[PDB]
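One chain comes next, on its own, written as structure tokens: the form deposited in one PDB entry.
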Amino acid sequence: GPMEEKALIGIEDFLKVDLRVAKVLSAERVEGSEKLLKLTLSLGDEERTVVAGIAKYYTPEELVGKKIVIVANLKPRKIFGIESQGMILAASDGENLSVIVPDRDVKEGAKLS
């Protein structure tokens, strides 16, 4: 369940996920939508387009040029006529929303798993 408490998992279930560091090359508004943002991200040797519902929480000024953590091995989908592959990590406390960045300026493409 999306709102349920998550039972204990082994390291395998974590290793199934491909967490990576990606540099936001650009973040533009999605036409016909006030909540979506189309973000191009560099993973070092490959680029990725991700549609994220964070337009009300993040302006593109506070995103472009930053290194953020993403899930790279999500199956591709069609969001508002845009081919989006993967998704961004985002933490909420019920009040604010925040993207997820590395503590030190690690290079783009750095893996977490």
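C-alpha atoms forming the largest set that superposes within 1.5 Å between two forms make up the rigid core. Numbering follows the first chain given and starts at 1. First, how it differs from the form deposited in another entry.
In this overlay on the rigid core, residue 69 has a C-alpha that sits less than 2 Å away from its partner position between the two forms. Relative to the superposed core, residue 45 shifts its CA atom by less than 2 Å between the two forms.
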Given for the second form:
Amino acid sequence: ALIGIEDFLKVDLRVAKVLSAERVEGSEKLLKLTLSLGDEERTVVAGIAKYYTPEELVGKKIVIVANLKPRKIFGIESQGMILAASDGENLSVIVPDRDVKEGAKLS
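Just the form deposited in one PDB entry so far, so send over the form deposited in another entry.
Single chain only below; no partners, no other molecules.
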């Protein structure tokens, strides 16, 4: 490990609301979440093995690593990595306790 003071600052974490969720034909993990980072809009595909319905995701405010990756080499539309809390088996989504505005810069 290392004193991640500067390291954390480098990890531009922003909260965004999922405007909607696209879906593909057949292929699972089709959760193409349209994250609204305030003024910016980016697509990120979420796996979440049948643990979270797209309906509930609509309007859900999640924290995503903005400056992570603009595109995933494997074609998967991922303009940022969504922070998923992988419990002993349950994939919980990271969401703030109360109403937080879009583009929320963590610090």
